[PDB]
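Peer 1: What follows is the residue order along each chain.
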Amino acid sequence: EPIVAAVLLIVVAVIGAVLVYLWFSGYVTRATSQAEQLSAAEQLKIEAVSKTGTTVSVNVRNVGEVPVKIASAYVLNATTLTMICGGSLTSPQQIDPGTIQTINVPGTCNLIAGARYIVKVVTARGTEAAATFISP
Amino acid sequence: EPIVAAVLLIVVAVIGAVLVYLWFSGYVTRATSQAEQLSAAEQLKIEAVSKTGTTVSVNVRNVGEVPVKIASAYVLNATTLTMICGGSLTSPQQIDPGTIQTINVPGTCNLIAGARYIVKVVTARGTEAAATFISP
Amino acid sequence: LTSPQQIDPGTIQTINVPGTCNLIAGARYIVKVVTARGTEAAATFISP
Amino acid sequence: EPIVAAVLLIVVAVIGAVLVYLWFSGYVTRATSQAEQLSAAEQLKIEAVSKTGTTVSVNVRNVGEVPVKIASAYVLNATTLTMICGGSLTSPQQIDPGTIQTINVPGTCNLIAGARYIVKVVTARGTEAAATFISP
Amino acid sequence: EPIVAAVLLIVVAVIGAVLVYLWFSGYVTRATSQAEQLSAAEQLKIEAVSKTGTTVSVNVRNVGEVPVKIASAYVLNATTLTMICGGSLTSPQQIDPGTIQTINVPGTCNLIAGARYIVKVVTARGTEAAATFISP
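Chains as they are written, first to last, in full-length UniProt numbering: chain B, 9 to 144; chain G, 9 to 144; chain Z, 97 to 144; chain W, 9 to 144; chain S, 9 to 144.
Because the hints were derived from the structure by calculation, they are not lab data. Please note: incorrect hints may appear among the correct ones.
[What the hints assert, rightly or not] To give an idea of the interface, some chain G residues facing chain B are shown, with a C-beta separation under 7 Å as derived from the structure:
hint : residue
1    : 20
2    : 88
3    : 130
Built from N, CA and C at the ideal position, the CB exists for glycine as well.
Start from the sequences and build out the full structure, keeping to the hints where you can.
Peer 2: Here it is as structure tokens:
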């Protein structure tokens with residue numbers, strides 16, 4: 009009589025094992041592939057900068073193999089990591105691999121000739137690229 | 009009765025380990041190969057420059073072993089890192105290793121005789137080569 | 097593949113990618129081979 | 009009848025898992041935070057030394073930002089790593105960040121003019137800072 | 009009734025864990041020690057070379073502290089890494105620490121007066137030491 013209960017319990021345990029199998033396969037596949045794709049890296053470099061009046065224009069070179077979106081740009085003060093001007097771009101700019109694009113710092117901020125300034129661009133994914141220039 | 013459940017759990021763990029091994033092999037191969045192939049570097053050198061009116065012509069020799077494409081050229085001002093003329097070329101030019109090619113700066117920019125100007129050429133992959141010249 | 101190719105332990109074999117595909121010189125490509133059991137091995141090369 | 013035993017065993021397993029969770033949270037917390045706090049590093053530098061008779065006085069400045077206790081001082085012979093005089097200070101001296109204090113080598117040791125000697129001071133935590141001087 | 013099966017399963021798991029611990033201790037110890045001992049370094053230096061007729065004699069000094077065996081010697085051509093003469097020695101020669109030994113390049117190879125050559129000696133473990141000479 010307990011044998012019947014044991015058989016039912018074994019069947020229930022097998023069903024639970026199958027359900028664990030299904031969920032575990034789904035989770036391992038999804039999370040594993042998500043981690044694998046986040047393992048990929050994104051690289052940028054800025055070729056040169058130009059200043060016209062009070063507007064700063066930057067040319068960004070996409071040396072990577074994936075499309076790049078530029079979302080913000082700043083003008084950082086030297087050795088203090090404090091921004092003078094910057095913010096969200098009005099519309100994100102897409103940069104194709106092997107191509108170039110022109111980026112303008114949002115807003116208007118004055119500059120002092122012969123002073124230290126760091127121009128910085130950040131991607132939508134978080135990649136950071138920056139360099140220095142001497143304001144005319 | 010728990011023995012059957014334990015056997016199913018062991019089987020599930022073994023299958024999960026097999027799937028993890030498959031993905032791990034694929035990912036390690038892809039990542040290792042990408043890193044090894046991007047470890048390679050490219051070198052460029054400019055032989056000489058010439059100016060005809062307001063057009064700048066640059067001869068680039070690729071001392072590397074694999075083809076490299078020229079993407080943009082600039083004429084940089086001294087000690088200020090500010091561009092005067094330049095931008096993306098109309099069509100990229102491919103340079104065969106062991107050969108030479110002539111590149112013209114895009115657009116038209118005036119120059120002042122006896123002044124400092126830095127000629128700069130950037131590859132599609134991001135390699136930079138540059139030098140200086142005296143404007144006639 | 098038209099017919100599966102068997103590779104003995106400690107030996108080597110030649111495998112041709114099925115079909116015909118054009119390539120671009122100096123471009124990036126990943127070559128990949130998969131076993132009957134599912135094992136994956138791959139690498140990259142620069143097309144001539 | 010085995011169903012009741014199975015339910016009790018499941019309850020026992022759940023209670024054991026809860027206990028394991030409690031201990032695991034506690035142990036991870038303490039060990040992790042201990043590792044984080046011992047990860048911090050300490051830096052020292054000695055400004056100048058002076059000799060009065062047979063007493064060696066050293067001024068130590070903590071370029072770091074954490075409180076520091078000086079525990080011992082030595083006078084090491086050149087390239088043989090053998091001490092001539094040194095030992096525990098009578099009472100450890102606390103040197104505040106951004107300040108300096110005077111430390112005297114314990115005991116009395118003679119010196120030879122124009123010879124090589126390395127003065128060495130060690131913190132209570134084990135940080136090592138030293139330099140060389142020529143005895144007058 | 010499932011309680012007995014659970015107790016037996018726990019006992020089996022404990023035995024398996026003991027076996028895993030035994031193997032793990034053995035493996036970590038022996039593999040770790042083999043790695044530590046291969047971490048050791050081997051250093052050679054050659055004092056001078058001599059030419060008698062068509063035979064090249066090299067004096068090798070053991071600047072290290074461990075016994076070293078010399079197995080082969082070569083004569084490389086300049087800038088091409090191509091051997092002119094060389095091969096396995098008839099019997100490997102042992103060099104004691106702090107001592108010197110004379111090694112003759114195997115075989116007979118002609119040389120040209122005033123020509124460029126590299127003499128090279130390799131140890132049993134793979135250490136490489138070499139220098140240059142001008143043939144008389």
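Peer 1: All the hints need checking, so say for each whether the structure fits it.
Peer 2: Hint check:
1. About 5 Å separates the beta-carbon of residue 20(G) from the nearest beta-carbon of chain B, less than 7 Å, and the hint is met.
2. Look at residue 88(G): its Cβ gets to within about 5 Å of chain B, closer than 7 Å, so that hint holds up.
3. Contact between residue 130(G) and chain B, as hinted, is supported at the beta carbon level, the nearest pair being about 6 Å apart and thus within 7 Å.
Against the hints set out earlier in the document, no violation occurs for any number.
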